[PDB]
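Colleague: Knowing the structure of chain A, use the given hints to seat chain B with the ligands on it.
Protein chains: 2
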Amino acid sequence: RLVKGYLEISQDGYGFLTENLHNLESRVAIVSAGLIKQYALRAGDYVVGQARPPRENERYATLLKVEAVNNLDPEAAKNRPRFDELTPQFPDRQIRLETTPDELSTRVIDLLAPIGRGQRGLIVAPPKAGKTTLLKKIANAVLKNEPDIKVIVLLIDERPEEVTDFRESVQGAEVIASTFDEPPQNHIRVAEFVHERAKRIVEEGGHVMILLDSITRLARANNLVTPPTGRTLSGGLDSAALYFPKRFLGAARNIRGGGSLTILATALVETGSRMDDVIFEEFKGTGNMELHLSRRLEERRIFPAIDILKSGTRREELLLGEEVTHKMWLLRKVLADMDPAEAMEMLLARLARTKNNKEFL
Amino acid sequence: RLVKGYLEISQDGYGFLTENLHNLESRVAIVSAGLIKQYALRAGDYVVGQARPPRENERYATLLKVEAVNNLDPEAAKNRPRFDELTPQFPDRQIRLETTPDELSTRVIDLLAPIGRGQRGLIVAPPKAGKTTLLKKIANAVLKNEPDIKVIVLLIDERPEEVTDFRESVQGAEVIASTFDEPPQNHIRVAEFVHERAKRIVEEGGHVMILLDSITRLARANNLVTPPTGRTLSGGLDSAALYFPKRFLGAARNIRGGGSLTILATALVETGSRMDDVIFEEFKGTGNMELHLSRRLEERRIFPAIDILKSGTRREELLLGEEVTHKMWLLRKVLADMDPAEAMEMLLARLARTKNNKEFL
Ligand SMILES: Nc1ncnc2c1ncn2[C@@H]1O[C@H](COP(=O)(O)OP(=O)(O)O)[C@@H](O)[C@H]1O
Ligand SMILES: Nc1ncnc2c1ncn2[C@@H]1O[C@H](COP(=O)(O)OP(=O)(O)O)[C@@H](O)[C@H]1O
Ligand code: BEF
Ligand SMILES: [Mg+2]
Ligand SMILES: [Mg+2]
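Line by line, the protein sequences are chains A and B.
Per the deposited numbering, the first sequence starts with residue 60, numbered consecutively.
Per the deposited numbering, the second sequence starts with residue 60, numbered consecutively.
Excised from the complex, chain A in its bound form:
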């Protein structure tokens, strides 16, 4: 009998193998501390192994033998550089964007913010600005441009029917979701489990995409979970709550020894709460990529409703050639001085004629 799951090591030295729901389930498989020490297994490690029905007085199946860890033969787990000791460097492998149903979005993103491997990016938009739809387009583009990259879609505290829509429209990539009906406890648990899985995969030199809608809601759950920390930060935030979201996002990095962790998350702003603004400014100092969306552009029904002037990445030269670098610099200079909605309107009109490369030509 074969069982599979993702390792979750408890406090007692033994662990369980989880399902896609990322929660304790009746079918989880027991993993003894002996096996964990035997294979240097770590939280989030994907374990596949033959198991047996539980004996009498046993409520969960026990993993008799470990077969594959993170899809590989487990000796390599013993002698590998730990994810935490991997050298972080800047995103050195740009990732072109193109999605057929709306490739305006992909070309505009590419012209506004290049994506590499190890990207620590954020999209900052008010509610109802295509934020979620842009995330969908990016997911589709990645699953066409980088099929090799494990694309993980994490949805925290968001709308269930949107969860269904992405699950259906992601063409099978790992969609982990926890709707707003769930308490922040569920959100934090699922997010951390997915995060650990991603770090374990990257520890195997893997390139991982995490499309995290509502990182702000994740921070909200973190604050709701932070037990006191004492004083209150301006806006209602807690001083020690944002440490966990900060670490969570900062995990995204490029590795010199193989693999990359790229987390692209969606940020809410212009929400009337100092809390949201403080979270945004706190995360911007950690991220390498920002794309700002304008509420007014959406109000005019101009899509993608991007605020071009505020958008950009850091170290684009590492993701773009000199010709492309000068092209983008020219484009920003031309558009820098002038109004947002008009900017998107003529950018769309000019890019609509042809693909971006010819739009240059």
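Treat each hint with caution, since some may be false.
Note that the list lumps identical chains together, so a pair holds whenever it fits in one copy or between two copies.
List of simulated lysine-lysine pairs, DSS-like, C-alpha gap at most 27 angstroms [as the list claims (entries may be wrong)]:
#	residue 1	residue 2
1	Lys-63	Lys-417
2	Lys-96	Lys-305
3	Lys-414	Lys-386
4	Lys-187	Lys-386
5	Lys-392	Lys-209
6	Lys-369	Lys-187
7	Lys-386	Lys-96
8	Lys-96	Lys-392
9	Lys-209	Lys-369
10	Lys-187	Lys-305
Just so you know, these hints were derived from the structure itself, not from any lab.
Modeller: Positioned in the frame of chain A, the structure of chain B with the ligands alone reads:
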């Protein structure tokens, strides 16, 4: 002897059958934990059954036998998917509106926010902006367009005489009311009971329609009831009180297995308190419909006093055909630029000539 009511399960595993007043009554019928276990009854379930006079030393009549649960035989109770387990989808069945005493209002709403089954909608207006009268029009229009839909009206913390007006104007559709004379505890209890009833009916695939005036007042009661939660959001809002209103509203959804829960509620804004505005922005992120009414349009006595540009839904394509989609897109493009009051004036003048479908022609 027969009795009927709605099931309210106590902490001790037994329950009582309630009347329309949605509270403890002397006439409530005891329900043993047994019957609940056999019939798998749940809170809000409507139970009808032959009862007996209570024995000596008994204060409440006891349900000797269960005959029907939610108007259907008890067997289906044992084998049915739980409401929490129902797959949510987008509102896929538009509900077209009309009320004879004001077809202007209903047709403008249809042109501004088409309604589907499972709609999580909201109308946002300052005090004295027709929100109550508009809700009255919607109640009347639904009781003419969708008699099949169980029309439940919930009036929380609102003017009593308006309650009574709705009583003789709702034409018998279930209305559960709790004026501002009641404490917030009564509001919370009654709202939760009605909510559970609605979920239980939809669990039987029923299309349930909930018109909730004073949802902001419901949130006020939630905040007043929340025992501490420690910190406070800007404007005086509690950090954890709003979870319950959020879950309450998010219950509204479209079920892919049949039935729907469509909740439309009245929101108060421009009230001079950060609290109402924070509530509005927070529920806007959960609702799939917003219809904005302008105080100035009321002050000019122009009705309905709708702010067209701010009003709109999400996924209209699922509720309207392509011709209607293009028509409304054209109408907004034309109306996008015009002043609120004057835009409404021109709209009313044009639509007054004919039924909306001929106004298209
Ligand atoms: N590129 C687009 N094309 C068509 N509609 C869009 C586009 N972007 C946004 N919208 C509309 O805006 C609404 C909100 O977009 P969404 O991204 O889901 O919200 P948010 O930006 O707050 O996550 C959607 O219902 C959608 O119809
Ligand atoms: N369509 C309308 N036609 C005539 N009078 C209206 C209309 N809408 C609102 N009003 C007037 O505005 C006042 C406030 O309306 P209502 O929505 O019932 O109260 P509130 O908006 O303060 O809850 C009422 O006294 C009513 O006479
Ligand atoms: F309305 Be957005 F999705 F926050
Ligand atoms: Mg969204
Ligand atoms: Mg009112």
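Colleague: Compare the structure with each hint and give your call.
Modeller: Cross-check of the supplied hints:
Taking identical chains as interchangeable, the C-alpha atoms of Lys-63 and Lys-417 are never at most 27 angstroms apart, the minima being 48 angstroms within one chain and 62 angstroms between chains. Taking CA atoms no more than 27 angstroms apart as the test, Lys-96 paired with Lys-305 passes in neither setting, with 30 angstroms inside one copy and 45 angstroms between copies. For the identical chains of this complex, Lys-414 and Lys-386 are intra-copy neighbours only, at 14 angstroms inside a copy versus 31 angstroms across copies, given an alpha-carbon limit of 27 angstroms. Proximity of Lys-187 to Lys-386 under the C-alpha cut-off of 27 angstroms is restricted to the inter-copy arrangement: shortest distance 22 angstroms between copies versus 31 angstroms within a copy.
Taking the closest pair of Cα atoms, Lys-392 and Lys-209 never come within 27 angstroms of each other, the shortest separation being 36 angstroms inside a single copy and 42 angstroms across copies. Within a single copy, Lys-369 and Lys-187 get their C-alpha atoms as close as 19 angstroms, and across copies as close as 12 angstroms, so both meet the 27 angstroms cut-off. Taking the shortest Cα distances, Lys-386 and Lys-96 never come within 27 angstroms of each other, neither inside one copy (54 angstroms) nor across copies (67 angstroms). In this assembly of identical chains, the alpha carbons of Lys-96 and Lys-392 never lie at most 27 angstroms apart, being 58 angstroms within a copy and 66 angstroms across copies at closest.
Neither within a single protomer nor between protomers do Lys-209 and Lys-369 lie at most 27 angstroms apart by alpha-carbon distance, with minima of 30 angstroms and 40 angstroms respectively. For a Cα distance limit of 27 angstroms, the shortest separation of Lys-187 from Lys-305 qualifies both inside one copy, at 25 angstroms, and across copies, at 18 angstroms.
Violated hints, in rising order: 1, 2, 5, 7, 8, 9; the structure is consistent with all others.
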